[PDB]
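Just the one chain here, laid out as structure tokens, in the form solved without this ligand.
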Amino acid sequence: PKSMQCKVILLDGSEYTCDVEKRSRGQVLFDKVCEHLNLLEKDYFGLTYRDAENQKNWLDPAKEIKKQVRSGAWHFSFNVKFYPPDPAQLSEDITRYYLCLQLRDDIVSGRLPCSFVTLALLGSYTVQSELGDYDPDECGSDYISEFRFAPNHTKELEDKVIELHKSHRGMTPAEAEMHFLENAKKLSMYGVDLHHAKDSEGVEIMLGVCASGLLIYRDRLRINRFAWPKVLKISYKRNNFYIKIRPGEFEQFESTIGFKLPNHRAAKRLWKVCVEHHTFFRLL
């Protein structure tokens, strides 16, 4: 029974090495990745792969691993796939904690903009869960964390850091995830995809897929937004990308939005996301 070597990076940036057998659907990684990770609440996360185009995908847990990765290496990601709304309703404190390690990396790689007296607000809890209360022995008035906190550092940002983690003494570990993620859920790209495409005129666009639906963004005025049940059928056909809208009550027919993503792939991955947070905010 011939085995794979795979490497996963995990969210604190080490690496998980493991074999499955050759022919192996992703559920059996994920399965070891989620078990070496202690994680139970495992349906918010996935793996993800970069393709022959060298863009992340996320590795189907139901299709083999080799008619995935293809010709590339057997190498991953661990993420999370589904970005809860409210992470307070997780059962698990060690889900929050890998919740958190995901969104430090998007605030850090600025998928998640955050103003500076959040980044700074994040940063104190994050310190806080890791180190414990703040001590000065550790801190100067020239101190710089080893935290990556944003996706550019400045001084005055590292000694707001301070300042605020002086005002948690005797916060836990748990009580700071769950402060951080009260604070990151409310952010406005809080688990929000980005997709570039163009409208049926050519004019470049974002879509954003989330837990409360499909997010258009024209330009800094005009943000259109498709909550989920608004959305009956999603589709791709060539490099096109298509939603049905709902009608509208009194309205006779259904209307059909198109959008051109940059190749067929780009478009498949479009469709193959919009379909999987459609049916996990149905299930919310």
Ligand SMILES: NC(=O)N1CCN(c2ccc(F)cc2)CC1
Second form
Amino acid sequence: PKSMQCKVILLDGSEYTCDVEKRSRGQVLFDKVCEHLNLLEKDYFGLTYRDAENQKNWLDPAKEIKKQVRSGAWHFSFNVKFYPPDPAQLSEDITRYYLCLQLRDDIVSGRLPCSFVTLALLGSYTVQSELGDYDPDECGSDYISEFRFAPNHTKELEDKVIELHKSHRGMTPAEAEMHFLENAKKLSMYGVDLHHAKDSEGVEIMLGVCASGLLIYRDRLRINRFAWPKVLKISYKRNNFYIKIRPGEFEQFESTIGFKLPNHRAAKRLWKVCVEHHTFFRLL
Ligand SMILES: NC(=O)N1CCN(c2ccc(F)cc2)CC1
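Moving from the form solved without this ligand, what structure would you give for the form deposited with this ligand bound?
In what comes next, the whole complex appears, and the chain from above leads the way.
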């Protein structure tokens, strides 16, 4: 029974290595990673891989690993797939911990934009969680934390993290993680998966997929939002992704909005993440 070596980048930046039979489905590897992580609330998470075009793909747990990674290495990341709109409702602290690690990467990477004050507040809760109570000993007037807090670090941001850290005396790791999440969850790009596209006139837009629906970023002045309820039907054909929108009360016919994606695989990928989010956020 021939087994393939799998390497998984965990949310703390460390590598987990295991073996699975070469005809294994993605669920087999995912179950092994989740057990390694002592994670029970597995529904929010998944494994990503990079395809032959270097795009991030979700590893489908129901399909053979080999028929997804195809010609590529058996190298994966462990990621949040469905960002809970109310992290306080998760049953375990360890779930909330992994969600925090994902969000810290979302922030440092610039996928999750954040004001100066919110970067420093989020930062201060991570420090409280990881080091415990503020200690003046590990912080002179020239302190810079090992912790990555932001896509661009400034001495002013480092100072503001420390100032807010001082206010969190007595806060336990679970408490600090919950405060982190209560703030992060409110950010306008929280849990938003962004896809480059063109509208039916060839104008460059972004399509965002999240818990509440599909977003269309045309410009800062023009953001259309389709709650899952309003979305009747979704489909892809060639390089195109089409969305059917419910008629308003006492309108006869649905509207179709068509989008052009970079290529057929980018269209299919957007279609599948939409399918997944609708099913998830219709059951949650
Ligand atoms: N198999 C079926 O009978 N349905 C058809 C509609 N479909 C859907 C998917 C995504 C979305 F955004 C809106 C609707 C769910 C599956």
